[PDB]
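Based on the sequences and whatever the hints tell you, model everything.
Here is how the chains run, residue by residue.
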Amino acid sequence: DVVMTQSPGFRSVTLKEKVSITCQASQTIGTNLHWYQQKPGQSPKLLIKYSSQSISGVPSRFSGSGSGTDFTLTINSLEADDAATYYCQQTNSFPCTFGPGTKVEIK
Amino acid sequence: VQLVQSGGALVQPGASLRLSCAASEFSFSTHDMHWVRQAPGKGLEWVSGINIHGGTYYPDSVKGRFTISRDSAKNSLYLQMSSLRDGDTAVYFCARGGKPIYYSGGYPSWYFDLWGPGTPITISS
Amino acid sequence: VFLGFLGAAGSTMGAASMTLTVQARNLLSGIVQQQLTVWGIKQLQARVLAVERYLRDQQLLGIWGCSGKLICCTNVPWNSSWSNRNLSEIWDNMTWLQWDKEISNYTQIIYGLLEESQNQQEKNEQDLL
Amino acid sequence: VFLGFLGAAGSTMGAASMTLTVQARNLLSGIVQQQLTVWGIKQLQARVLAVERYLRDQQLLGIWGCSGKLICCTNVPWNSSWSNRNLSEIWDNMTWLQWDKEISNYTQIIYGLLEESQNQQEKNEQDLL
Amino acid sequence: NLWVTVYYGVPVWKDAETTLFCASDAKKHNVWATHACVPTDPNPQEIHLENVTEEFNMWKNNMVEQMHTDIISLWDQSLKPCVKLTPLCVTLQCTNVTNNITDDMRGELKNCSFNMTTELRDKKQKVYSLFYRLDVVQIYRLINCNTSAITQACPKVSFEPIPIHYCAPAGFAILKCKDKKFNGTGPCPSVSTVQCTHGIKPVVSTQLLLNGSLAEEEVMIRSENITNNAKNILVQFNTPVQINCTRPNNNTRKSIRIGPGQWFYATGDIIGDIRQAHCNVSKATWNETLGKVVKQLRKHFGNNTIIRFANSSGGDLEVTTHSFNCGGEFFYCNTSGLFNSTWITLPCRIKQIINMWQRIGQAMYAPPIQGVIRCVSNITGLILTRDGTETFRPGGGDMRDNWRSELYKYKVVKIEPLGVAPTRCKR
Amino acid sequence: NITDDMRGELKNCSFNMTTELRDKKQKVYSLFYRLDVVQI
Ligand SMILES: *[C@@H]1O[C@H](CO)[C@@H](O[C@@H]2O[C@H](CO)[C@@H](O[C@@H]3O[C@H](CO)[C@@H](O)[C@H](O[C@H]4O[C@H](CO)[C@@H](O)[C@H](O)[C@@H]4O[C@H]4O[C@H](CO)[C@@H](O)[C@H](O)[C@@H]4O)[C@@H]3O)[C@H](O)[C@H]2NC(C)=O)[C@H](O)[C@H]1NC(C)=O
Ligand SMILES: *[C@@H]1O[C@H](CO)[C@@H](O[C@@H]2O[C@H](CO)[C@@H](O[C@@H]3O[C@H](CO[C@H]4O[C@H](CO)[C@@H](O)[C@H](O)[C@@H]4O)[C@@H](O)[C@H](O[C@H]4O[C@H](CO)[C@@H](O)[C@H](O)[C@@H]4O)[C@@H]3O)[C@H](O)[C@H]2NC(C)=O)[C@H](O)[C@H]1NC(C)=O
Ligand SMILES: *[C@@H]1O[C@H](CO)[C@@H](O[C@@H]2O[C@H](CO)[C@@H](O)[C@H](O)[C@H]2NC(C)=O)[C@H](O)[C@H]1NC(C)=O
Ligand SMILES: *[C@@H]1O[C@H](CO)[C@@H](O[C@@H]2O[C@H](CO)[C@@H](O)[C@H](O)[C@H]2NC(C)=O)[C@H](O)[C@H]1NC(C)=O
Ligand SMILES: *[C@@H]1O[C@H](CO)[C@@H](O[C@@H]2O[C@H](CO)[C@@H](O)[C@H](O)[C@H]2NC(C)=O)[C@H](O)[C@H]1NC(C)=O
Ligand SMILES: *[C@@H]1O[C@H](CO)[C@@H](O[C@@H]2O[C@H](CO)[C@@H](O)[C@H](O)[C@H]2NC(C)=O)[C@H](O)[C@H]1NC(C)=O
Ligand SMILES: *[C@@H]1O[C@H](CO)[C@@H](O[C@@H]2O[C@H](CO)[C@@H](O)[C@H](O)[C@H]2NC(C)=O)[C@H](O)[C@H]1NC(C)=O
Ligand SMILES: *[C@@H]1O[C@H](CO)[C@@H](O[C@@H]2O[C@H](CO)[C@@H](O)[C@H](O)[C@H]2NC(C)=O)[C@H](O)[C@H]1NC(C)=O
Ligand SMILES: *[C@@H]1O[C@H](CO)[C@@H](O[C@@H]2O[C@H](CO)[C@@H](O)[C@H](O)[C@H]2NC(C)=O)[C@H](O)[C@H]1NC(C)=O
Ligand SMILES: *[C@@H]1O[C@H](CO)[C@@H](O[C@@H]2O[C@H](CO)[C@@H](O)[C@H](O)[C@H]2NC(C)=O)[C@H](O)[C@H]1NC(C)=O
Ligand SMILES: *[C@@H]1O[C@H](CO)[C@@H](O[C@@H]2O[C@H](CO)[C@@H](O)[C@H](O)[C@H]2NC(C)=O)[C@H](O)[C@H]1NC(C)=O
Ligand SMILES: *[C@@H]1O[C@H](CO)[C@@H](O[C@@H]2O[C@H](CO)[C@@H](O)[C@H](O)[C@H]2NC(C)=O)[C@H](O)[C@H]1NC(C)=O
Ligand SMILES: *[C@@H]1O[C@H](CO)[C@@H](O)[C@H](O)[C@H]1NC(C)=O
Ligand SMILES: *[C@@H]1O[C@H](CO)[C@@H](O)[C@H](O)[C@H]1NC(C)=O
Ligand SMILES: *[C@@H]1O[C@H](CO)[C@@H](O)[C@H](O)[C@H]1NC(C)=O
Ligand SMILES: *[C@@H]1O[C@H](CO)[C@@H](O)[C@H](O)[C@H]1NC(C)=O
Ligand SMILES: *[C@@H]1O[C@H](CO)[C@@H](O)[C@H](O)[C@H]1NC(C)=O
Ligand SMILES: *[C@@H]1O[C@H](CO)[C@@H](O)[C@H](O)[C@H]1NC(C)=O
Ligand SMILES: *[C@@H]1O[C@H](CO)[C@@H](O)[C@H](O)[C@H]1NC(C)=O
Ligand SMILES: *[C@@H]1O[C@H](CO)[C@@H](O)[C@H](O)[C@H]1NC(C)=O
Ligand SMILES: *[C@@H]1O[C@H](CO)[C@@H](O)[C@H](O)[C@H]1NC(C)=O
Ligand SMILES: *[C@@H]1O[C@H](CO)[C@@H](O)[C@H](O)[C@H]1NC(C)=O
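Protein chains in written order, with the entry's author numbering: chain K, 1 to 107; chain I, 2 to 82, 82A to 82C, 83 to 100, 100A to 100J, 101 to 113; chain F, 518 to 552, 568 to 661; chain B, 518 to 552, 568 to 661; chain A, 33 to 59, 65 to 141, 150 to 184, 191 to 309, 312 to 323, 323A, 324 to 395, 414 to 458, 465 to 503; chain D, 137 to 141, 150 to 184.
Source of the hints: derived by calculation from the structure; they are not laboratory data. We put the CB at the ideal spot given by N, CA and C, even for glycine. Keep in mind that the hints are not guaranteed to be accurate.
Unchecked claim - Pairs of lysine to any residue residues, derived as SDA-like cross-links and limited to a Cα-Cα distance of at most 20 Å, are as follows:
| id | chain 1 | residue 1 | chain 2 | residue 2 |
| --- | --- | --- | --- | --- |
| 1 | I | 97 | K | 95 |
| 2 | B | 601 | B | 544 |
| 3 | A | 421 | A | 327 |
| 4 | A | 168 | D | 165 |
| 5 | I | 64 | I | 27 |
| 6 | I | 43 | K | 95 |
| 7 | A | 490 | B | 545 |
| 8 | D | 168 | A | 126 |
| 9 | A | 117 | A | 424 |
| 10 | B | 655 | A | 502 |
| 11 | B | 574 | A | 490 |
| 12 | K | 45 | I | 27 |
| 13 | K | 39 | I | 41 |
| 14 | A | 46 | A | 495 |
| 15 | B | 574 | F | 579 |
| 16 | I | 97 | B | 640 |
| 17 | F | 601 | B | 644 |
| 18 | K | 45 | K | 20 |
Stated by the list, open to error - Each pair of labels, with its calculated beta carbon distance range:
| id | chain 1 | residue 1 | chain 2 | residue 2 | range |
| --- | --- | --- | --- | --- | --- |
| 19 | I | 97 | F | 653 | 38 to 48 Å |
| 20 | I | 61 | F | 599 | 36 to 46 Å |
| 21 | K | 27 | D | 157 | 47 to 57 Å |
| 22 | B | 520 | A | 70 | 31 to 41 Å |
| 23 | B | 654 | F | 614 | 21 to 31 Å |
| 24 | A | 206 | F | 569 | 21 to 31 Å |
| 25 | B | 521 | A | 457 | 47 to 57 Å |
| 26 | F | 600 | K | 26 | 40 to 50 Å |
| 27 | D | 170 | A | 75 | 51 to 61 Å |
| 28 | A | 442 | D | 175 | 56 to 66 Å |
Here it is, written out as structure tokens:
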């Protein structure tokens, strides 16, 4: 199984800060990592695919990269609307798995 | 475009239950579909999936208890679960598999472009 | 192109038949084809043998009159002694691995009867002009 | 057979298309194919690689359902995002070198859509019997 | 309402790096003779292309590296299975040759004796040979004895400069640039496609390029960068100039048994008077070619700029002299008498132990050659460097540039016959 | 200065070695470990 972890458990940030969180895998997953976000009471949304690909409907301020066992998500300038728990998922090895998520709180 | 879902439910341990989703403004016949569940305090556990040719995939955590099916005539998806446990309490979701980078045949990409609203099931005495 | 490949084997022959190009596209290039004669000579030998295997199957299809396409109707009737199952039984409940084992005994017989395409070609010339 | 070859490239795609066999006939035999393992081994390696290149293109045409002939109609529509020129504009004013550069970005996309021949073969079996 | 149509046999290509194969001249142990490429001849396979302007760059041509790579490999393969002169790496007792030697030869010839092995591993023999001072060190000893293994070139193997032709492998084609006065880079408006190149002789030399092709109209001067004084400048003459080199001193050789199936060739006494090797250049034509070079150099350096030619200053024979190989003997000739002018007898020395490509030694030991040597070559080109009025001196460089100077007209590309275009046709 | 656990482990040995010039020999020595050396 691929065990995924995330760090920090949560991040305390303020508006217009450039921010980032990371994901790690217990084993290499190549570049098969995807980033998702979820707000309380909402369904999940996919923001970044295959480590660094953009998705229509996702603001240009969101970006990221990574490979092997180490991946990063970043926001160029944090908006109030970006508060969410962010998650990583891997599709490299079946069963597909996911990490615990990092909560981003904005002040 | 959305996945239209049924309402939630309360059942006793050992009970069976059928969940369903429908395709609003698209055909299910053109996509690989999956179910995931979100237990309180957890992320999204993949539960099941069906490909465009009717082939299926299951986790060992539900295999033998859960069955996935599709009826493209009505654009509907089903998840049939038997012998439910309190530990299976979760919000269940349908999701449309994301488009793959290159053709695979009936082999899923394992990530999602479209998510439904969520259907909670509580299992308790 | 391991986007999909032998995973087709997990299902029935019917279902698997819809993705035959998935495997065909992965038969001509090993890692050494994507890329001191000691040791290195083995890579040369392997590439040659892979080519030979490919061509032998293509030659057989050529001889049978089945060169081109994934599925070829032969105009040779199926023998009742080869299996005793409903047509739908094998296509919906059996996998290709199971099927290959079940009729392994008749491989040469079936292929020998595909020589009939030669008689068909003679008949076609005579009535074609 | 350098009686004529890449000189076709001096003209338009339309004109060049009338002499496609001119190049095809020159793709299988280098000087070493017309004719101490030291040095000589290179000739063996080259012949093998030439074969592999040839077969890979033939396999691709086979998969697409375009094996045989020089020109193959695919039944896959052309995307409006791939180019914005009159059909006659490209055939009469452009060369193949220019064209290949212009649509290089869509090579994999176009090829991926040629997998549709597999769906056509399934449909054909069902209505053929 | 357009449809995808697949086309096969499309006349397009992309730059590529592949292996080219040689071809032979038919018409017998002359190196290339063993590693035969199989004869070709009726192969004028040349097709003119219209339009299709394409670019060339002779300093980025990978064919040069192949020529270097295979000729050096073949050199070793031809000379590997020979004698291995382990027994000659011994102490030498030397004296001076006292025969009728001219002033220019004083100190050049040594008469040395030593204890040599025999075929019978019980006994030694007293053997002597003449030696040239450039291969001998006073402690005497052979000069390369303390560095690496020494061999003896096989006496029946002759590295004759036989022209070799190159052809494309299947899937590839060679584009030839016919642009007049092409300077080695950029667009070439007139290109033809060929099966094979013309033949090129594997001539290895320094400073002056011998027996190559001649320029069609004007003397051409080209370099990777005209204004970079760290680069070598290639000059191609439109007129050949003959150079006559000789080796006097009629002599013989002695076949000495050194082991059970092993023989060494010793240098015998000189018949007649002793003189130095030398080369003759016609002063009239030397003056003309330098003037022509200057007229062309002025195009980039100013026609109000004085241009001077000067000596090949440097630290060694392989740097400062003009290297030739005639009759199997290796010559190191003095060209200071040529590059002496502001806008002909050349003395010459010889050696038997040749490193060729540095590396570790190799030391083929050119065997002594009997009789005398007469050799006349065609000067077809020149390599210069500038020091920056400006001054030019004979340049340096590897054997790579003795290929590049001929290879510059050819480039190889990969054929890609399959592609698509829209049509009105649906299946 | 050798500890107790190393007694007998190191030998200092000399021998007549060849040279590049095939007329002469040289006196050369090296330390050796006992596991690679045999007493005759
Ligand atoms: C530029 O081009 C010119 C023109 O081609 C090159 O100069 C020519 O070089 C060749 C070879 O050096 C030379 O030909 C020799 O002429 C001699 C005249 O008598 C021949 O005797 C000699 O043949 C013997 O040597 C050959 C060496 O490989 C043997 O293969 C051959 O069988 C002969 O050797 C036999 O006989 C002798 C007799 O004693 C015996 O000892 C041997 O063991 C063996 O049995 C060659 O034919 C041309 O005459 C040269 N021409 C000129 C004008 O010089 C010039 O070198 C090129 N320059 C460059 C830079 O490449
Ligand atoms: C790995 O191993 C597992 C375990 O065996 C396989 O999983 C089984 O796969 C088969 C084949 O797809 C499944 O069987 C199918 O079940 C469908 C469910 O239909 C239900 O709902 C309708 C609604 O009206 C009811 O009528 C019906 O009775 C069921 O309640 C059927 O619809 C399928 O039949 C269809 O195709 C046949 C073909 O001839 C038609 O005749 C039918 O009319 C219909 O069109 C079929 O029966 C089985 O359920 C799977 N089990 C599980 C737990 O999923 C895996 O397939 C195998 N490998 C892979 C890769 O999948
Ligand atoms: C090199 O030295 C040898 C040895 O002295 C010379 O050969 C001798 O020449 C005399 C001349 O009368 C003979 O009597 C001897 O018998 C010769 N000795 C041998 C061993 O052959 C040889 O001539 C010298 N060579 C030169 C160029 O000086
Ligand atoms: C060949 O070897 C012999 C033996 O070493 C050399 O002659 C010796 O020279 C030394 C010099 O002092 C004398 O002490 C020996 O008595 C000599 N021995 C004999 C047998 O004369 C001899 O010079 C060597 N020969 C050559 C050509 O090097
Ligand atoms: C072999 O011996 C020669 C002779 O001593 C060495 O070359 C000399 O190196 C010194 C170093 O300062 C120079 O000053 C001499 O001029 C060199 N001699 C010559 C003739 O050029 C050579 O390096 C030795 N080789 C090895 C491997 O030790
Ligand atoms: C051959 O001549 C052409 C024409 O002068 C040279 O092309 C110029 O190269 C410089 C190099 O930086 C460019 O800045 C100029 O713009 C080029 N000119 C044109 C018209 O494009 C070319 O470099 C010469 N090549 C050699 C090997 O001398
Ligand atoms: C050709 O050589 C000239 C001379 O060396 C190069 O021009 C120099 O480029 C360096 C790069 O940092 C500058 O610092 C020098 O000031 C330049 N010299 C002059 C006189 O301007 C030139 O770039 C070389 N050509 C190419 C294509 O690299
Ligand atoms: C270069 O030419 C000179 C002149 O012909 C050659 O030297 C002459 O050789 C003859 C031969 O008997 C003598 O009679 C002349 O007196 C010599 N003249 C001079 C000026 O020395 C010379 O050998 C030639 N060199 C080459 C390499 O061919
Ligand atoms: C050719 O021989 C001449 C003989 O004079 C050499 O001339 C020397 O050249 C160097 C170069 O700086 C001068 O410093 C010396 O003073 C010159 N010697 C004399 C006597 O003036 C010349 O270098 C030799 N060239 C080659 C390539 O060997
Ligand atoms: C380079 O050219 C100079 C100039 O002609 C040569 O030096 C002259 O040599 C003659 C010979 O008798 C003398 O009379 C002149 O007086 C010399 N001129 C000077 C300025 O000293 C020089 O020898 C030539 N160098 C070579 C290598 O030929
Ligand atoms: C230098 O090149 C010229 C030009 O090819 C050679 O002279 C020609 O040789 C051919 C050989 O059959 C003759 O047919 C021509 O008539 C010769 N031309 C002239 C003007 O005589 C010349 O021999 C070459 N010289 C050297 C030393 O290689
Ligand atoms: C190298 O060889 C010499 C020659 O055999 C050895 O020294 C000899 O030892 C014997 C022993 O009885 C003496 O009789 C000889 O007189 C010695 N010869 C000399 C020249 O001293 C020498 O020990 C050897 N060296 C090594 C390190 O093994
Ligand atoms: C099958 O095999 C039997 C064996 O006798 C044969 O008679 C019959 O013609 C064969 N063909 C078919 C299609 O049954
Ligand atoms: C067709 O299926 C029925 C189902 O029981 C079976 O009894 C019958 O023998 C089958 N036919 C064949 C050829 O097996
Ligand atoms: C033929 O059938 C027998 C039945 O047991 C089997 O043992 C044998 O291996 C079969 N041959 C083939 C080619 O399958
Ligand atoms: C072309 O690409 C667009 C992209 O959205 C797609 O919607 C359309 O169906 C494609 N096909 C054609 C033939 O235009
Ligand atoms: C067809 O040609 C006309 C000529 O000007 C041009 O304006 C028009 O846009 C062309 N159509 C396409 C698809 O380029
Ligand atoms: C895709 O288009 C961009 C546009 O500049 C180009 O740079 C890139 O090389 C193209 N890719 C291909 C395969 O041509
Ligand atoms: C040869 O004569 C020259 C003249 O100076 C002298 O220097 C040299 O040492 C002599 N060599 C021998 C070996 O006698
Ligand atoms: C070389 O020798 C030939 C022989 O006739 C002669 O004509 C020519 O002038 C000589 N070359 C030189 C540079 O002396
Ligand atoms: C060099 O010659 C050209 C020929 O037209 C001339 O234009 C240029 O001005 C000359 N340069 C000098 C320095 O005389
Ligand atoms: C060398 O001298 C011998 C002595 O007779 C003679 O026969 C031979 O021809 C001479 N060789 C040369 C090249 O002069």
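Verification of the hints:
{"no.": "1", "hint": "97(I) <-> 95(K)", "verdict": "holds, 19 Å"}
{"no.": "2", "hint": "601(B) <-> 544(B)", "verdict": "holds, 16 Å"}
{"no.": "3", "hint": "421(A) <-> 327(A)", "verdict": "holds, 15 Å"}
{"no.": "4", "hint": "168(A) <-> 165(D)", "verdict": "holds, 19 Å"}
{"no.": "5", "hint": "64(I) <-> 27(I)", "verdict": "violated, 29 Å"}
{"no.": "6", "hint": "43(I) <-> 95(K)", "verdict": "holds, 17 Å"}
{"no.": "7", "hint": "490(A) <-> 545(B)", "verdict": "holds, 13 Å"}
{"no.": "8", "hint": "168(D) <-> 126(A)", "verdict": "holds, 11 Å"}
{"no.": "9", "hint": "117(A) <-> 424(A)", "verdict": "holds, 15 Å"}
{"no.": "10", "hint": "655(B) <-> 502(A)", "verdict": "holds, 17 Å"}
{"no.": "11", "hint": "574(B) <-> 490(A)", "verdict": "holds, 18 Å"}
{"no.": "12", "hint": "45(K) <-> 27(I)", "verdict": "holds, 19 Å"}
{"no.": "13", "hint": "39(K) <-> 41(I)", "verdict": "holds, 14 Å"}
{"no.": "14", "hint": "46(A) <-> 495(A)", "verdict": "holds, 14 Å"}
{"no.": "15", "hint": "574(B) <-> 579(F)", "verdict": "holds, 15 Å"}
{"no.": "16", "hint": "97(I) <-> 640(B)", "verdict": "holds, 15 Å"}
{"no.": "17", "hint": "601(F) <-> 644(B)", "verdict": "holds, 17 Å"}
{"no.": "18", "hint": "45(K) <-> 20(K)", "verdict": "holds, 18 Å"}
{"no.": "19", "hint": "97(I) <-> 653(F): 38 to 48 Å", "verdict": "holds, 46 Å"}
{"no.": "20", "hint": "61(I) <-> 599(F): 36 to 46 Å", "verdict": "holds, 44 Å"}
{"no.": "21", "hint": "27(K) <-> 157(D): 47 to 57 Å", "verdict": "holds, 53 Å"}
{"no.": "22", "hint": "520(B) <-> 70(A): 31 to 41 Å", "verdict": "holds, 33 Å"}
{"no.": "23", "hint": "654(B) <-> 614(F): 21 to 31 Å", "verdict": "holds, 24 Å"}
{"no.": "24", "hint": "206(A) <-> 569(F): 21 to 31 Å", "verdict": "holds, 29 Å"}
{"no.": "25", "hint": "521(B) <-> 457(A): 47 to 57 Å", "verdict": "holds, 52 Å"}
{"no.": "26", "hint": "600(F) <-> 26(K): 40 to 50 Å", "verdict": "holds, 48 Å"}
{"no.": "27", "hint": "170(D) <-> 75(A): 51 to 61 Å", "verdict": "holds, 54 Å"}
{"no.": "28", "hint": "442(A) <-> 175(D): 56 to 66 Å", "verdict": "holds, 59 Å"}
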